[PDB]
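Undergrad: Residues per chain are reported as follows:
Protein chains: 4
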Amino acid sequence: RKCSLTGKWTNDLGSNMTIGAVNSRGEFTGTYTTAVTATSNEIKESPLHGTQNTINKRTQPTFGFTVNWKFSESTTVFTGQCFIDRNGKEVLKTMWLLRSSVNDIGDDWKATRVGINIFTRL
Amino acid sequence: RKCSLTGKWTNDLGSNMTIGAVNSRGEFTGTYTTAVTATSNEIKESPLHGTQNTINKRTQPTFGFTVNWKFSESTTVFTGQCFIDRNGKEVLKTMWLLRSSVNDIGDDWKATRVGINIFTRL
Amino acid sequence: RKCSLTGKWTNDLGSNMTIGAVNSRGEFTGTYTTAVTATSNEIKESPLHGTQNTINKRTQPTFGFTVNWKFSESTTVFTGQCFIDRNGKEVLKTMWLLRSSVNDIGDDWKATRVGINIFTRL
Amino acid sequence: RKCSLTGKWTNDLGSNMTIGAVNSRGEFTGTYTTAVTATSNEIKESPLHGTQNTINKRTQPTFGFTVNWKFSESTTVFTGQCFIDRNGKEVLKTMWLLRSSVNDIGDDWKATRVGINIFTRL
Ligand SMILES: *[C@@H]1O[C@H](CO)[C@@H](O)[C@H](O)[C@H]1NC(C)=O
Ligand SMILES: *[C@@H]1O[C@H](CO)[C@@H](O)[C@H](O)[C@H]1NC(C)=O
Ligand SMILES: *[C@@H]1O[C@H](CO)[C@@H](O)[C@H](O)[C@H]1NC(C)=O
Ligand SMILES: *[C@@H]1O[C@H](CO)[C@@H](O)[C@H](O)[C@H]1NC(C)=O
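Protein chains in written order, with the deposited numbering: chain C, 2 to 123; chain D, 2 to 123; chain B, 2 to 123; chain A, 2 to 123.
Pulled out of the complex, with its shape left as it was, chain C reads as follows:
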């Protein structure tokens, strides 16, 4: 009854991710294949790097990771918690910030989008 991040996951938009073994410092690496984009930039699998919080041997740890898109100048970060829901089943409930690139610091105000994603095992 630990919710583990490692493994293969799919979210509510159709995107898939893989997360490998969580190491000695709570660190993990993975891959991210989004089902949605918004420019003639064609989707490609992109790496992610992140950590899970192991404070107090928490059975439902918090975590975060960054997606380093290999088809966009943008970055997304995701943060959430791994739950064991009503059916003994694992869910990652996350929110994200997607930072776009702007040309001038005066345009910074409009550069950051926000949303949610729920992941379940694939």
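Hint data in this document are derived by calculation from the structure and do not stem from the laboratory. It cannot be assumed that every hint is accurate.
For chains that are exact copies, the list does not tell them apart, and a pair is met inside one copy or across any two.
Claimed, not checked - With a cut-off of at most 30 Å between alpha-carbon atoms, the simulated DSSO-like pairs for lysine-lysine come out as follows:
#, residue 1, residue 2
1, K111, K45
2, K45, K9
3, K111, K58
4, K90, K45
5, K90, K9
Chain C is already provided as a structure; the job is to place chains D, B and A with the ligands on it using the hints.
TA: Only chains D, B and A with the ligands this time, still in chain C's reference frame:
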């Protein structure tokens, strides 16, 4: 000129961070010392890990990173862009999500805070 | 058809709200009965006031509203869009910010929570 | 003594707003002139409507309001708190969600931007 992440930075709240070398894939690690908290827990320097976007090797790249707090069960993620400001200084304009740990999935809705930080070189 | 706000709605958290007539300027009022809290204080039905955007008279307009909670010192704002879903139901897709009250400007950083809600007709 | 929303205000981006008298239910109306946009539609002053919360005589109420843009199909909501600094100068520390109009519910994920604004009296 190129706006680099590497080095020592202070933000508008008085927190410090140090980012190391950024490698060929954009990956970096570092340390974070927050000046603010809300726990009875003693603040402790905590590890950070992240990446900067290398698509088109932009002079003012986007990035993100995860701080894996070593005194709280929470996690923060920061996303941003490095700019050269009007005065020639490098500045990181960022936004963050701070994920708290909750016991039940039923409380997930209340678990995520949002805010900004501006970082300047120390 | 046009997706209209007027009427009785429920969200994924079980919360209820009722929106009155929308005037020619897009203004409406309503009431909101949250299913969730984190207070020792009992939930009470609370007023909301908002606007729907009328530019180009879109069939799936954007809108926002503020809920002035009767039993907490907090404020919540919601912004979204009313869509006709794939199955022909009206749905409101929203995000919100929940502003807590802090005693000192020094604690401002931690006072705003963010989340989503999806509303369907009751 | 009690921080008041009524008046003329300007923010960190150079936007101005006006807020009128607050009634006994904490409700107010106003106007908003943004200094920044991102289309060729001329910026036009736009109405706002909001409420402040003063449960149990808060000297620094939380509040929220909605800006009903008259030159965009979008909506912005702002929520924050009215702080009185110790020289008796007021500041509104706010965060906002800006909801863009999208054509298809499948694009809803990318519709909501987030940021901050600090307002002072003008
Ligand atoms: C993720 O995998 C599922 C099932 O294996 C597949 O049908 C779907 O196309 C994938 N989605 C992607 C790559 O976005
Ligand atoms: C950050 O480092 C500087 C020295 O470079 C020090 O004076 C300051 O107190 C440090 N702040 C924190 C919050 O650790
Ligand atoms: C919302 O309304 C329905 C009846 O239409 C009721 O069953 C439910 O208890 C209400 N929920 C709240 C939280 O008021
Ligand atoms: C707001 O007010 C000041 C003083 O009237 C003025 O200088 C500034 O141009 C105004 N900005 C906008 C966006 O209207």
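Undergrad: Going through the numbered hints above, which ones does this structure break? Give me the numbers in ascending order.
TA: Nothing - there is no hint that the structure violates, so all of them hold.
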